[PDB]
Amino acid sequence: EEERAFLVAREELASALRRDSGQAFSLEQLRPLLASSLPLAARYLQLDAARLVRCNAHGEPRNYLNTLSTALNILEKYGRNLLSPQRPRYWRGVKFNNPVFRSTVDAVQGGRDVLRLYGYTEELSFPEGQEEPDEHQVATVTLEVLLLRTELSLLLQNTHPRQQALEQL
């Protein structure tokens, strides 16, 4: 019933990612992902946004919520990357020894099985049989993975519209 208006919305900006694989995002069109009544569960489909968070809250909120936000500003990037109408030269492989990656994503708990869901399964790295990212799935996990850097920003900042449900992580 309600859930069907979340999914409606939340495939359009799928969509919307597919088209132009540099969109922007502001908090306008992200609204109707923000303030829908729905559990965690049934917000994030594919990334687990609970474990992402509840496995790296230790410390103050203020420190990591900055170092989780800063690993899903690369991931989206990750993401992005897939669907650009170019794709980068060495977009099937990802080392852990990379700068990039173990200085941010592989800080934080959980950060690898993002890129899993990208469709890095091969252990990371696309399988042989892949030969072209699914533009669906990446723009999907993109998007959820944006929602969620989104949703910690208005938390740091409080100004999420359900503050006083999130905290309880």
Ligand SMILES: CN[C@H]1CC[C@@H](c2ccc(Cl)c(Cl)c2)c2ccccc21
Second form
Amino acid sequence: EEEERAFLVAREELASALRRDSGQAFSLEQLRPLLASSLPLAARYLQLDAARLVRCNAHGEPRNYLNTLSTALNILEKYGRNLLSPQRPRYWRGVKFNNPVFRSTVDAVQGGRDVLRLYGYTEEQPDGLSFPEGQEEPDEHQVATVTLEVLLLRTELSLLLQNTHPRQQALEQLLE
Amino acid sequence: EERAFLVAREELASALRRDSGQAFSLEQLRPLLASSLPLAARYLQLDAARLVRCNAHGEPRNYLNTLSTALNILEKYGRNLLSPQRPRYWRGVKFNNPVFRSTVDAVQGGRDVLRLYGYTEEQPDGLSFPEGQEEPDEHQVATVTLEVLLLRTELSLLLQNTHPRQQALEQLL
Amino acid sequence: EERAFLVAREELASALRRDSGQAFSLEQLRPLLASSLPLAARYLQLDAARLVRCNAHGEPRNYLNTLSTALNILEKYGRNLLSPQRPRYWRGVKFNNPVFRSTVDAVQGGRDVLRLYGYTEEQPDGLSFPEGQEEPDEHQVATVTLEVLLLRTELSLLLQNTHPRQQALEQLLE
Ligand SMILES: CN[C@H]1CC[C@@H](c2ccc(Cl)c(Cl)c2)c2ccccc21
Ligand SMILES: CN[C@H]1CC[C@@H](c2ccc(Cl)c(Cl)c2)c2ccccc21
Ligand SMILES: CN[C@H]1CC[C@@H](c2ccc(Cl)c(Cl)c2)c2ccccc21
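Could you drop in the structure for the form solved in complex with the named molecule? We only have the form solved without the named molecule so far.
After this comes the whole thing, all chains and molecules, with the earlier chain placed first.
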């Protein structure tokens, strides 16, 4: 009740801060209503399939695949931040799979391509994904909400790698 | 070798349409098992790469058996759609089924295999065919059924240590 | 035959107490396999009738595999509870563990086996030990682990058609 109410408030608040300033940095205190929340994962991540991304990429030592997942999420977070900035990139409506950074980070994670579809890159192409022909501008509320969930999962994976997660003992039971 | 593999694909797929309850031997699947082609060339509809990657948790003797059991149930669903007397409830699959929730729904991506059969419409209690579709896609159902049968056979051969490429497959886990 | 069954029962239950990783052979469990004693006397803690009856749905080649794999993971939980180098989080089990959903939670009554191990208190996301309890009942854990080991072996031998009472047990699944 009281904890579930502060979660939806912080989610809508931080999503607008990304729309107001796409380059805004968030501290661990600003995201604490979303990290320390004892809400189930289905209620915490409404768009980003956090359960899938963790399940399909938990291979090897946790010191490595949590690091590989966090790096791919940092790249995916930059894609959503670029869409929300007033000075959008010249090729904002098209991501190519053969990018050297993309192939070494996002394409190295099972399900990283599907995260781009959440931003709006829904049209499949033999070299990448693209925004649909006709969509003049991206849905800011959709991009900001997905960017916040991507940034939140990256923060959650980062907190686990430093043994500083609020539910560190609980999350480690799902990997051992 | 890509031509010989594609010829045996249409051969077994046409055999499933002829008799949906026809049992295949290891020799009949030999041109598909012993093969040097990549996985993307051997599995066109079934995403065998993610089906193993998203479910290779724990001991291999455990999750390979769970994967093959779920594929055995998914194979029966495709064979039922190719039967001359289809089940009376072939148009939909319920998530709350005791057999379904214990085998297919226990595997990440098992519902995606049902979508390949034709169960594309999502409902709160399961998946169903589009209401405007009279009959299932026999060519598509037979193709997915054969690939599901092949993946389950490959997982089974790994557990018996009789896979033709057993050594190479074990290094991928 | 009841005294002979209990004689080898504590012999295997004590072997798991000293060495939890010590694997048992078929000849070691055969005295407990070919016994014509009723199931009520062979399983005192594990509800073997519940696990088989409530999950014998579909083809026997399918649910016997699902039952065997779930018990193999349940046997790993009991063995780790008796290990001298216990895991750091032996006091709790999460339902959303990717191995748990595909094996134990896929079987009707699998969570009750964890309660026999000691995981009696329930959380919205799993089961855990009571806060007052600091060490598990090594006698009860080894007793349940042995019976879980017993049921897994019985289901595995039936799938291989090498069970000592194969024809008798097959008549209970028609
Ligand atoms: C169904 N989702 C599961 C698996 C993901 C798993 C999870 C979620 C986030 C992270 Cl960062 C990790 Cl390591 C693991 C989890 C956590 C709490 C409740 C449920 C779940
Ligand atoms: C990209 N696909 C990979 C992973 C699956 C992996 C594979 C395929 C079938 C099985 Cl039964 C297993 Cl255990 C593992 C494989 C095999 C041959 C060529 C490629 C691949
Ligand atoms: C009513 N008691 C039943 C339980 C299940 C049944 C049983 C027990 C173990 C297994 Cl492996 C199977 Cl297939 C079936 C049985 C067997 C012998 C004596 C009694 C019983």
